[PDB]
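Take a look at this one chain, the form deposited without the named molecule, written out in structure tokens.
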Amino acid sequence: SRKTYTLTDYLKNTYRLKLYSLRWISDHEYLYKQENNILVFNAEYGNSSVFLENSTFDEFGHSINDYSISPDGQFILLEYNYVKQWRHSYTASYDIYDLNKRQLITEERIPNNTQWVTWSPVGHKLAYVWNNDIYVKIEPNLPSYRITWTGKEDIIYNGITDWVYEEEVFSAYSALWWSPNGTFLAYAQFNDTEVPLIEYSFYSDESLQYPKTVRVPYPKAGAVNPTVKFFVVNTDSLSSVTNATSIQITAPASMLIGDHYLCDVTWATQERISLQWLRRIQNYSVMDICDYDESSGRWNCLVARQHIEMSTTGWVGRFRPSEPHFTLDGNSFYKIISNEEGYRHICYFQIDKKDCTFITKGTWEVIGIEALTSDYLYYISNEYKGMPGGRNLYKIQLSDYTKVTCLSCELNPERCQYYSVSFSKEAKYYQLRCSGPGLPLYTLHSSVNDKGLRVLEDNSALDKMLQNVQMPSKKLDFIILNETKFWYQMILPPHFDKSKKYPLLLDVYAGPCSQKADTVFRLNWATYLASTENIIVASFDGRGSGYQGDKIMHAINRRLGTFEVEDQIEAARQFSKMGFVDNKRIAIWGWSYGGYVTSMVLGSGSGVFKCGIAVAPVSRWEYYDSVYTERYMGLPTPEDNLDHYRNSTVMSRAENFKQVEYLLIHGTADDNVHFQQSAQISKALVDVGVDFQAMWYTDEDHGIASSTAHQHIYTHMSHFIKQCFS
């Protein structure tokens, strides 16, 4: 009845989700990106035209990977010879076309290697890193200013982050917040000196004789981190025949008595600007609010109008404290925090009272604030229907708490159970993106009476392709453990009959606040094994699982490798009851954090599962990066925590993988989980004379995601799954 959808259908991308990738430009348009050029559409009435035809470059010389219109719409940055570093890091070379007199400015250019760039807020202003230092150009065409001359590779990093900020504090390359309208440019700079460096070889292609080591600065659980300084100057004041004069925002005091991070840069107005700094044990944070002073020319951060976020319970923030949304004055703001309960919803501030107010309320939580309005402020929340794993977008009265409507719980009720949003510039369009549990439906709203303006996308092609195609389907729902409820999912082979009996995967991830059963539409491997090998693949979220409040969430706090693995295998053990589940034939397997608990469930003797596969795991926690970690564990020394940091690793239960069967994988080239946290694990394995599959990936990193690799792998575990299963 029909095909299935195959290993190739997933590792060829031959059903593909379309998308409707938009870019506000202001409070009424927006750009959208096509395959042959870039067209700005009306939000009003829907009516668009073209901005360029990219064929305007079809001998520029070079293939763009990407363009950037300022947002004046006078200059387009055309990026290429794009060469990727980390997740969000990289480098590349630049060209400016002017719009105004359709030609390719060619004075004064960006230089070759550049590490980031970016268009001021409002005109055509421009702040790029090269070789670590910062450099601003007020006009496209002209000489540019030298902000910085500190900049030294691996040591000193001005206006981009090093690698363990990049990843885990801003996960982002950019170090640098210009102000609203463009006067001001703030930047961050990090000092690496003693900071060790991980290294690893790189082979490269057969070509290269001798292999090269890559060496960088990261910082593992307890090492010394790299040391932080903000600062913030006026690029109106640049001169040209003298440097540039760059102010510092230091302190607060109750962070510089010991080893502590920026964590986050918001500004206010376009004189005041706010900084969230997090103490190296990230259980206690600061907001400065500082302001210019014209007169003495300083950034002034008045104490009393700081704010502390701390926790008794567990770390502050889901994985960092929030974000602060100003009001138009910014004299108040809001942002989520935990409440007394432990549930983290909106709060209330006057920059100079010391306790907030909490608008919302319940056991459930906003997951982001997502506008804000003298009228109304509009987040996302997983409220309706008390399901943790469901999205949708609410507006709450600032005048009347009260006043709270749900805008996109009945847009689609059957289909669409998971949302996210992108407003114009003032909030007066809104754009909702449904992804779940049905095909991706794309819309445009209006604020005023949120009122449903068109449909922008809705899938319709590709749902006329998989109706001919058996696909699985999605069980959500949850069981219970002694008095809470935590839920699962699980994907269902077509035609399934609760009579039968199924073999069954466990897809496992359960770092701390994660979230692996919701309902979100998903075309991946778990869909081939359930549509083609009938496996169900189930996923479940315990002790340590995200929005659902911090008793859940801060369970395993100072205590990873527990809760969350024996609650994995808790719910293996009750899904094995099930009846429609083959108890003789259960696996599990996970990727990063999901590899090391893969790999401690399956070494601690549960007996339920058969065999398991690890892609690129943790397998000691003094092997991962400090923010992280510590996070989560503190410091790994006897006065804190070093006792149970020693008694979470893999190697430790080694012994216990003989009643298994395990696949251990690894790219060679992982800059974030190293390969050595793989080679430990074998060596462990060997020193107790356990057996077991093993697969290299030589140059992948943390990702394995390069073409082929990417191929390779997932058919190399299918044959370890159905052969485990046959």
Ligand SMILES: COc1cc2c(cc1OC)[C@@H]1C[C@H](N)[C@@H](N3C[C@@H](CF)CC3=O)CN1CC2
Contents of the next structure:
Protein chains: 2
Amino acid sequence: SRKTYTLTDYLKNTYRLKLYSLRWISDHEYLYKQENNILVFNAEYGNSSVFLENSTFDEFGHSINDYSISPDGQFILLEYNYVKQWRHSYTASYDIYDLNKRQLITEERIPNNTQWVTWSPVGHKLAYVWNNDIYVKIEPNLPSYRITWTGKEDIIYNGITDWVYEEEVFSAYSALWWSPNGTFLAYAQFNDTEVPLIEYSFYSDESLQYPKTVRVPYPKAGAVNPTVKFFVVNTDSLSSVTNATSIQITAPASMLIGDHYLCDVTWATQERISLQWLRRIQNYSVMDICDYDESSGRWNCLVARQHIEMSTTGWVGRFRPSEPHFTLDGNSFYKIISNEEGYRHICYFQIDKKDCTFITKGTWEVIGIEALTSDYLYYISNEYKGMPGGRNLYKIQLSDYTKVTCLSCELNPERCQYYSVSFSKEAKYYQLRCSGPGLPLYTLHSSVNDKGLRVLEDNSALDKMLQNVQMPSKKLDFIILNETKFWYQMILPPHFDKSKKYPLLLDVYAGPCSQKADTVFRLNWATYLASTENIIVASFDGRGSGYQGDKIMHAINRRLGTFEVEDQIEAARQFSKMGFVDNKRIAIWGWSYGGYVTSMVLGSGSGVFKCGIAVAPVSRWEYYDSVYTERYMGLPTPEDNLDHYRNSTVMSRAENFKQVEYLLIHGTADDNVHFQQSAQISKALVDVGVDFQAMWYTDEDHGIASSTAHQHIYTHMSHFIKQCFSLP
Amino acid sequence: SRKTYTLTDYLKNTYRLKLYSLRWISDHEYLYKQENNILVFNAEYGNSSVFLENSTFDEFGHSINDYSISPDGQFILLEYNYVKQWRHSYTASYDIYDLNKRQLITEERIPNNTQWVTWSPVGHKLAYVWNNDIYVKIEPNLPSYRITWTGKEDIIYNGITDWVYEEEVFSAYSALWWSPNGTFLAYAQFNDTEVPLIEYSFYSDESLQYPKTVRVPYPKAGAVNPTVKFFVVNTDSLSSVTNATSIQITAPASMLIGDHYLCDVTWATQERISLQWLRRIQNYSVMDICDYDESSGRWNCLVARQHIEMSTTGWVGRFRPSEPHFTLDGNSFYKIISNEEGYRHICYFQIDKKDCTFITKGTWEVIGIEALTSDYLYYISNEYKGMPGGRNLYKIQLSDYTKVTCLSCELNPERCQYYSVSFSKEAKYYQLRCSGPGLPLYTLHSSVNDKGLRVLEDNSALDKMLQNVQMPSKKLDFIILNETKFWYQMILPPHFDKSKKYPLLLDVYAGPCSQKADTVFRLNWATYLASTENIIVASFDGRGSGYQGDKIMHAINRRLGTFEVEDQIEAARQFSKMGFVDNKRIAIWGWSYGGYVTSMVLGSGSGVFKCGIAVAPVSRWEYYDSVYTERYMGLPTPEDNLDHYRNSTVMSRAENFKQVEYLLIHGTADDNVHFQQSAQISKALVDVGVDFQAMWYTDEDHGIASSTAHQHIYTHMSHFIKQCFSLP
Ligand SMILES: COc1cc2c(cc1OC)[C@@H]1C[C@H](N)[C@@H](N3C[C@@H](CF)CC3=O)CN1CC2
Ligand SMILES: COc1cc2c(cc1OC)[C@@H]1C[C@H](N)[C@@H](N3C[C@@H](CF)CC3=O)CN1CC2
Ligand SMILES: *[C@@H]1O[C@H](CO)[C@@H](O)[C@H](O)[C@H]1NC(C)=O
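Can you return the structure of this protein in the form solved in complex with the named molecule rather than the form deposited without the named molecule?
What follows is the entire complex, opening with the chain shown before.
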């Protein structure tokens, strides 16, 4: 009788999840936006005031995209004229507003087309990047100091990342790091001079008579990478008539030997910086510890205090070497490291001592370190009930490592199994964020005795509405393969009957260190497919998946397109032998890495799958970027791993596609997984005489995320699946 | 006849048409290659010998693409290493072979990557173009003379055409014209300095890591055009000590005023050249008659012999001003011109005299002048039986214009209604070739008494095969609209039955001066659809179509995407009201201009069509090239024709596509109708939420002609049409 969850509900965001995004501003207060007011909340009591009225900036004359308020809170940055670049990068204009006065600063403004801006961590200093060069304002209404003069578009990057560093290393556009004082400004310089360029057409509005050619420095597998240098400037000693001095910190000898990456920059104290470096063969990394000399005014990284992290079985880290969390005095730190068993746990390092001490252990993994006080370290793990797809906050007493308390496990075990956390400065309070299996729940807690303070957002409005709809359910469980537990989830249609045979859609990603079987609550395409179309949407975490130790994660080493493709095939045969799937209506779809696996599955000749959809897939690893590809594959040389680079293409399997119905989709302005990749798949299918379906999205990138394109692609894909499953 | 005409019959050329391509080498002999042997034929008697044995070049080491024998029979050009550029252009390598001996010439070879080669019309002088420069050899074994020193890739073209002149004007890569003596070499020079570039990706073989960007000087509508200069060089006065001297013939004062083009080049005598020029606004053209000055070494074009061809109702010529046919003495010529009533007929021009004399008249059109003697003019018209889609050879006694013989009409009237002709030098003999309605038939005749000599190829081999296949039939008729006849054709299924109702596919082109209803015999996709799938395939020649007078052809002046679209809709409507058509199953499809019309029809909201396919369509006239577009559209300025440019796009009709099923196909390496055109169509449909089907062909151009791609596109369109029509 109830209404079902329709395609229009998903596409038009009918049932919206409520959030509670706060920004901690001290040990005891946070900011929060309510009816476009910025409010300040008191954590202990819950009382709030208005930080900045909504009626302010009504007369501004531009839509304010974002704000950033100075640490010692006298000013606010007004971000406007936002223009997106890649995943993280963008460009905007900035006004500064004097909070103690009534006024906007009208003099010595931050330029338009600024690439990145940051307040110092204390006070109100400003560092920004404009035309690839760094600038510093000591006071908001005073002239900026020019730190660098070398910045050149697409060639020299000062204080910002280039394409690969942004995407694959720092996950940020920024390459600026203030010291905790704000005295020193550390920054990276990238040089792309010999990095080859990827070129593609941008069609723009119909009024553009000639297409534009977009050109991006982008190193493909085995090509010339950018080079990096690292600098630190003393911001306290700047002159308005004399160019500033930047002291270079050079990478260790064991890196300078060949191609290498800067991997991590972490300030330890007011005068000590930590730097991680990684070799182009991502087997070997080095932590440098560099102290400032008050005498010479230089930085020195003592060779004897270098920490080395290498891997025997795979690469280093999950996607990169993990970051250190330093103790207040800067002499010791904690870092997630893979133990002797291959499970990732917290190791304790002391700076002039050689090894480290493991502080956690077991057949589970630490996801992240979240806070460190003198008495406690707070971390998230998937320990609870041996479920790799669950997430919980834990707390260790530093006086006794075996004294561990779960802080979130038993708060609401039916509703809440997937937490993240946001601590205040000094971690006097924390916000817990639950994500599933039930509706998201946001709560405020106090650290002293771990008291629940206040519920912040419980999604009761959403709960009301969803009782009027035939919601699907989710099963999360595991199967055994060669004496090993591999997890899966199923999104089961309402009124699920185990004697009826249902069509199954296999939803795949399967990238290295991925997880698609978990406990989070989602409203998405699969929700629609199960609720309205009565399709089972399964996902499975095979070899190469993350969070279950290295034996599973590193099984895929030097061998992408291999075990992770077999394990999706085998999971579907498994699901077949369960009594409720129609083994004649098994489909497969995935996006990105998911597209590659879908395509590799479809060209396998398994016979299991009737049809599949690949959206923006990798087709050949030599087409993807160097930092990512080479991490899992090594180099595409006969000396190294060429043979498997050449055996793991989608193209090589073109004949086998005559046994399946295939939908290939790609955005034309994909800067990440180039349209080229699908252009080669289709060319190979034509050459072999294999009919299939295609769809390009003009001027869309990897997300195909514009409002109209997003609605279009999901509409197109639904038709294809329904016709494949003979659904009306 | 049991077995049907299949898709695989079409795709694999199961039923090959035989041809008889001969090369006249004198008044009374021709060359003809048979297997790999070049034979020489005597026209009067029929006897023949092998001119060049297939064995001759067994040990050459390259497959030869083509041959060219010098007009004196002493030497042969061997073309190999053929690489296609655009529709007509290509590069190749050339060796010369002395025939009197039996030897390859090894010194002073024609270089690799030669862009064009031509023998003089008499003897064995060679002229060639390499790296955009002209060279001349007086003797095959001797060093070549460099004529031009200004050639520059994509900038200066000497003796070859740039993209637009090749495609739109000359239909040739060549821009060289030897005089009938071989004394003078005339040539054009093109300057693309300021012409904007179309840029698109080319992905190449799988091995290519980074796609290429192809960049072509290509003026879109209203953009900066190339400039042209004309030069004549004397080939008898060349020195291997001094640089060659090129004499410039400048355009007439009435062309020099604004942008213009070189239209036509036709030598009159050993010392007289004819030149036609056209204003960028192509309703005004000027013919210049230029004579050589023996005393000064110059060329003068007197205004007394200048002729103006202009048009009040449209543009000049069918696609360009027509070529002159001069009498031997060079003092007069014949030319196809639109008469007072707007029908195209032969005018007789005397060189220093005003006006011209129409020698033909009537409500029909001369297609071409084919040969001129002292006693007779030979031309092709559609006069016979008042059928615009028929073609016959005629003969005029020049002493009395009213005395016209039809030479081909009654030769075989049920089988043969569409002729072309090839006359020998001095026209003592002619090859007639008929193309339909029956199987092609090749015959030889002598001009003395117009006696049939010999049948050359009668396709009797194909006739027997087709006897054993269920072949469709062709209906050619007309319908009346206002008070005008508009012709159509239907390919009808075998065993057609007017009491039954058939699905109907409209096959559309409908560009200006097109004819889709003719008497030609074809084996194509439509053959398969009628024979195997029992679909009627209709084509219709409405307003804008050719060979019926300017009142019909010029209807579309300044107004593309109007009447020609309207008329196709009416045609389909009329076919509905015919008792043998199922009006719930009417489709439409077209390529290039036809894809544009298909789309405009599908976007019309007429309700007549269930589905349609557009291959490589134009979507907006500002995207197509200046020379073709401005001919019909004028300039896209507010003081010219911007409003109808803006009102005739496919994109603006996007909302209307929710009422139909649409398949859109484009090759990504289309240098002619750019992928941009379909890219914009798809974006418009997405912006408006219309589902449709798509298919790109990576690296395919306007023809989508590579054997795998050709097979793949027609397979794909066959599926689309079959499911649109509910055909199993
Ligand atoms: C936790 O931090 C990270 C998480 C993740 C990543 C990087 C991180 O930081 C380095 C990478 C970056 C990579 N570019 C992305 N891929 C794979 C490509 C298809 F094979 C297409 C594409 O966009 C996959 N994600 C997976 C999740
Ligand atoms: C008889 O000589 C000619 C015959 C023809 C033409 C030119 C001639 O002389 C130069 C033109 C040239 C034009 N480029 C071509 N189109 C139209 C475009 C679609 F809008 C895409 C495309 O390729 C259509 N053809 C039709 C036949
Ligand atoms: C909360 O209330 C206290 C006591 O009235 C007040 O001093 C404080 O400013 C309040 N905090 C906020 C954020 O309004």
